[PDB]
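Presented as structure tokens, the chain that follows is alone, the form deposited without the partner chain.
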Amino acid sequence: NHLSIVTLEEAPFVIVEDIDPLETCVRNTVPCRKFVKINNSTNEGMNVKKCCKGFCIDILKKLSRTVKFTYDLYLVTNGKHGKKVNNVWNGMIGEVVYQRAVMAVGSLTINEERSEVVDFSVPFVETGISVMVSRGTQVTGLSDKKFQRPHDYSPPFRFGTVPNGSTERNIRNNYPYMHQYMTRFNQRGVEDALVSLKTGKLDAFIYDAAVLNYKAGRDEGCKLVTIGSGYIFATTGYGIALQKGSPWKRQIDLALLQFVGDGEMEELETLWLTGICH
């Protein structure tokens, strides 16, 4: 009963590394494969062996040990965390919905749309929407006038997010103007956004709270500050996604609860998520 499990890279939850040519993953890593295309024309491709580590990987290792299952971990190839595009789910959520994976482990945010098509374990990392700015910049949260009336400033307040995730969904579904203003500043990824902030090319980066709290905690030079958005309606957590009606949610939940109660979760948080910047 080898379980097919999908994941996605997003430090410090999931970190990917090339395997050692001379061909096994060691230390705190585990095997993870990815289907890579031969070219940009056809569907042809081959699965490439890589190695994975991180907070979520350690959670997977513990679940494997405790629930007593073995697994075949693979990386998503189309999309990221999960979005319904042209009426079809992609990313980690898609792999679970279309039964390619029994579970999805990673920095996967629990939200209403996703819960309609997949079942989630209890949350194990708290998150929501946060705002990151250069240390010194003053903002109260997303209700700040700088965000409500960006054009009332010279130059217009510059803020954006990484599209296609739960953060964009929460803005697009409720505040049309803010969303369409923001697309002007879409960021390709977290690292891109951080550079834009520290060099003064971007005023604020709106993104997942867990990741922003982590990044601000160990920024080189501690030049970044993260503050809550105030969008409490968006407060949620990361959860392991399973097939709708999955018979494993019960056992996965019991394990997570066991880890929380025994202090094992506490130890993992200390190992991977602590910060140093005040």
Contents of the next structure:
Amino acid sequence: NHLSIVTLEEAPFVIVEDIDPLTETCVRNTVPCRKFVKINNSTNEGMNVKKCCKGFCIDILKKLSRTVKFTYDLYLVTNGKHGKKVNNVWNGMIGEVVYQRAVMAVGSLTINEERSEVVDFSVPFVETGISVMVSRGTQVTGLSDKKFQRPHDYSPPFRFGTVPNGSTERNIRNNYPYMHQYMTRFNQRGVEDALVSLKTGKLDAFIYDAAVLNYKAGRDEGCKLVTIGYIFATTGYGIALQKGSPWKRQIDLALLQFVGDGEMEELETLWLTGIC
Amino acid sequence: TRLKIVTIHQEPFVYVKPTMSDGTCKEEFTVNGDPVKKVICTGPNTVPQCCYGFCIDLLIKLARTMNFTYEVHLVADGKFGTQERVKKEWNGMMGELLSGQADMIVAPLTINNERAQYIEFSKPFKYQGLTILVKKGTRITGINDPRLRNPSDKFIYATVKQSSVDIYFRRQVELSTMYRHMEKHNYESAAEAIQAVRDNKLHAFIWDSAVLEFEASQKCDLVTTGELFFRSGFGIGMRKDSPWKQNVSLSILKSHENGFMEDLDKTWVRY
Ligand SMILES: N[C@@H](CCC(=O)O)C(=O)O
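Return the structure block for the form solved in complex with the partner chain; the form deposited without the partner chain was the one displayed.
Up next: the whole complex, starting with the chain shown before.
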């Protein structure tokens, strides 16, 4: 009943904060979450730092822990991010579940076919997929837009990219070979860097997870950045569990239970809705 | 060895038409010339009929993908399925799946807690929710409008009997007032309620947005009342010990990811 659970920071679903030096206890709506930090780069020596976590998914974990009746030891992944298969080996949150270092992974984890082959996913609890962010007024149909499909067919080519190594890049790689090969030049280290490139005119479009992009558009200063239309390859975030896990059954019923009772809408207005 | 598929009439996911004199389905094509795939589906009026649409194209894809043969029939009592006290029992497609009359449910079947306790749902093949259908001109705010929260015989509203919507309003104690009002007006099928709205016999129909949005796009005398609530999805239904459940879900995921699901949407909905 005491489970090792892995997560990853990505506002507003999971937000990390430093713990109080004088108390060493998490307060408010936060829960304890540790992170393994290296001492140097010449050794494997490291130490777990005690931090605090909050957000949409943390509230979901709290609800689940209570209703499903289990306790946990939440930790932040340090070997990769959400999950990528490299040389046939999974890293990130997915990897932590696959190699059994965690009973489940909770966070902004996108459910897709290749991941579902190595881990079990609960029903989706947050609707997402692939969206496109651009400055208001930009004319683009969606992913299938020729500006994306055949970039060099336009004088100044359209400049667009994603944050590599996630479900979004994996999808583009499999569906649009030319677009993907062209995009790498515009890879963004993260969402924050991407938004800055957009606002300053260094990028024309940013392709990424729909739920995060809608959240970002909802709080954009001046409401200049918006999502086009639309969601391609609709899916959702899901809790990843070990294949054949005994926890899946109760977890699914509880999540569906929350949706029907409106608990998901409350969390939605509490963490996701913005001024724009 | 041939899978028994049960479905239900519900445009644009499942259209149902009579076969031709010779017992076959009339050859039809989309606006631009693609062949409309049809399957012979038996059902009550028991006689052979023609079935096609979003869900039928999905079945054909799943069957070819997982390499299985099937036979399709329309649910005998014409309902989606709810659990009623008699001991409790399931009716509609839920009952047929649980009794062995069907091996798989392929329709716009809402995934919910109540049903998930007894059967296995695939990952959603369609994400949507509930909205309200009214006659153009009817002024309603949403599920929070006073005409709904503080009912009277002056403004009648309802949903479909033995449906996921019925389960939803009967489950939420805060919707008790609406539930009691609807219990006296619910229709046997979505088609009938929709027709009642056009004939001013029903003032508001609470149903799936995927269906109502489509109806509003085909009949300009009908419109949807803003604000989607009870966001939910449709999934394939199977018994918990079905050996096809893992591959069925993997196939749904694959279809969303490679654009197949979007093609069905362009073909049957967004048109
Ligand atoms: N939610 C994504 C990360 C962001 C993206 O690639 O869209 C994943 O689980 O990989």
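Under this definition, the rigid core comprises the largest set of C-alpha atoms superposing within 1.5 Å between the forms. Residue numbers count along the first chain shown, from 1.
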property: Core-aligned C-alpha movement of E112 between these two forms, 2 Å or more; result: no
